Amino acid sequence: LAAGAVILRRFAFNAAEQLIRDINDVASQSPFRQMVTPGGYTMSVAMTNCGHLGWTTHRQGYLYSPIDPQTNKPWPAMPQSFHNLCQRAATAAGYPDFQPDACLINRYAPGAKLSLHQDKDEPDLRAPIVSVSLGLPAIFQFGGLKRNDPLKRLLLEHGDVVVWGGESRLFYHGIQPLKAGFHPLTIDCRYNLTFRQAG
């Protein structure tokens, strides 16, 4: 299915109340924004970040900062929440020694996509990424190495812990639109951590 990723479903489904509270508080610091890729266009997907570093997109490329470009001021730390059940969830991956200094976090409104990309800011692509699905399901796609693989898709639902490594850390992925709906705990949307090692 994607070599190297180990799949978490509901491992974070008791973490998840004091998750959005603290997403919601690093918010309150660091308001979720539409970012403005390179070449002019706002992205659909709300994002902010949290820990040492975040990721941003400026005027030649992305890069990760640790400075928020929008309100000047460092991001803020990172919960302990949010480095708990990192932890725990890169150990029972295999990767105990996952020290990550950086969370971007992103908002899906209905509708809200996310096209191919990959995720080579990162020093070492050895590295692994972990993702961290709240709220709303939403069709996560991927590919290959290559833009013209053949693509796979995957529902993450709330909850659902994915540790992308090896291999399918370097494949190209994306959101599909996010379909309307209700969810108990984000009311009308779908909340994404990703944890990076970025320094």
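In this text, rigid core is short for the largest set of C-alphas that superpose within 1.5 Å between two forms. Positions refer to the first chain, counted from 1. Compared with the form deposited in another entry:
Shown in the overlay between these two forms, fitted on the rigid core, is a CA shift at residue 58 of 2 Å or greater.
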Contents of the next structure:
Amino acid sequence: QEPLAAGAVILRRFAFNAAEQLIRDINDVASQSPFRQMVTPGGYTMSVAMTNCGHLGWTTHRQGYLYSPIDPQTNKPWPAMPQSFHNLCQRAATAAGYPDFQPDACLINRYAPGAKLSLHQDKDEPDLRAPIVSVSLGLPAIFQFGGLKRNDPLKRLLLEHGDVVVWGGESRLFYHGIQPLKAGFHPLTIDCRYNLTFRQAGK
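Can I get the form deposited in another entry as well, since the one above is the form deposited in one PDB entry?
Shown below: the chain alone.
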């Protein structure tokens, strides 16, 4: 299935089949670059653990964000993006109408019950030409999606295991975020939610 909105679609239950292989390749990456909490420059500490794969990796600190080839926690390169991450990503991107997308970054998020991503706009990328591909894995989450300005009426959507969201073009600098993840069980993730966001950061 494929719905909305405006240079952005939801590919519903798109990563369903590959979820077992994604989870496995998430784990493989994690055994190299582990998950960790990150302190926002505003002093707040994020309830979302995260790590990276691909050419570039995004981390926030006290001075601010950074895209890096080096993992600041290991002082070695971020794991190469797994075959299945790459394949899945462009297969989503094509179906979303971005045939010439190729990411170099992949920020992997892990949410516990009560974890939240504050409303933000994917901003720290120089090349606004490329779209964002978000993969939802595990427990269901409510993903809010507004627009350019902060005050745009947000719309609340249930993102479920396998669900995929691609946004770019006119909808690229759009405010979006995550509400406190409700507790539950999922076969594959047990009691959490994984989320991959694919991005072009270099080029």
